[PDB]
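Given as structure tokens, the chain that follows is alone and in the form deposited without its partner chain.
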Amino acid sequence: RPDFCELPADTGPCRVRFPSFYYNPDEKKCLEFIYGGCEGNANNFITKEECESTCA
């Protein structure tokens, strides 16, 4: 899997709360987090399904 899948969840600096998903390498699971709508990092998916096909 892509190296970016190991990056921590990052809500970024904005305040528009998008329920999102990130790959958690320790748990080997795509888990839910809040993304604030701007910046952050590549370990950031709009659905669990997208996260699982990219990082899992």
The other form holds:
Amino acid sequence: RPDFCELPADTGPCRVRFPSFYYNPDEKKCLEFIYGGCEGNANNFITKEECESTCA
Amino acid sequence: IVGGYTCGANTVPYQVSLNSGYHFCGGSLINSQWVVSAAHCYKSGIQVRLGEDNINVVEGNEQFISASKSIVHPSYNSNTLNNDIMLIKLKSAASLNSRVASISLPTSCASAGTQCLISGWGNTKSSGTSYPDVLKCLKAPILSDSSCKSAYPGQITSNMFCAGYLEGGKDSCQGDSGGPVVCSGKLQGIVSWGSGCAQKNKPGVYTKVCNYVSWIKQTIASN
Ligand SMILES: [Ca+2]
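Target state, the form solved in complex with its partner chain; input state, the form deposited without its partner chain:
Let us now look at the entire complex, which starts with that chain.
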């Protein structure tokens, strides 16, 4: 599983609403977060399925 | 909006919801056929929702109208968010009334310390996710350029200003982009960006609408 799965959720600076998922290592699952539409990091999935597949 | 209050239905009648399936951005009605929002809110196929209070329940005063054109500022820089302004033309003119009303454009820039009304359906939590059904409101002052530049070194252009509370607790947030900052009855700002929401020394950053009043007028005349 890639290193980015360890990165914290990063909404980025923009203030749009994009429902997203990130892998949380302390909870050993993919959780919802709100992505603002710009910047952020690679721990950012449109689907829970892909998040689990990649990081869980 | 974090740390705000419930506006009350249709008390901010120039506030619109931009909708591509769900609410994603706000905007401000500036006349019967045109809406000002942020360039970073651009999507093809936006539906504009006017007269909203509870965005999740049709209550009877709404007008949903498709966007016919969405025109991003020609100098919009998606990397620095410089010139973060967009004009949306409505497929058909809205029906203006007490619940659906335009907001005036500035005739001079606002100065630091001026109190503004910032509004939207964005996240209400500085740590967590909670979206409101109803429109939220926040009264916040414009901050000095030195405070804004100190918070965000090298990031603040002459087309941006900060508004909010350096002590934290009260801010716009994700879901509020493109919505209004109204000061003395004039549209002075558009919700643009910030570092987190309602964090200490990280105030909201807002497009400086007074720098675009000719562009708005010329774009309207041209389209
Ligand atoms: Ca409604």
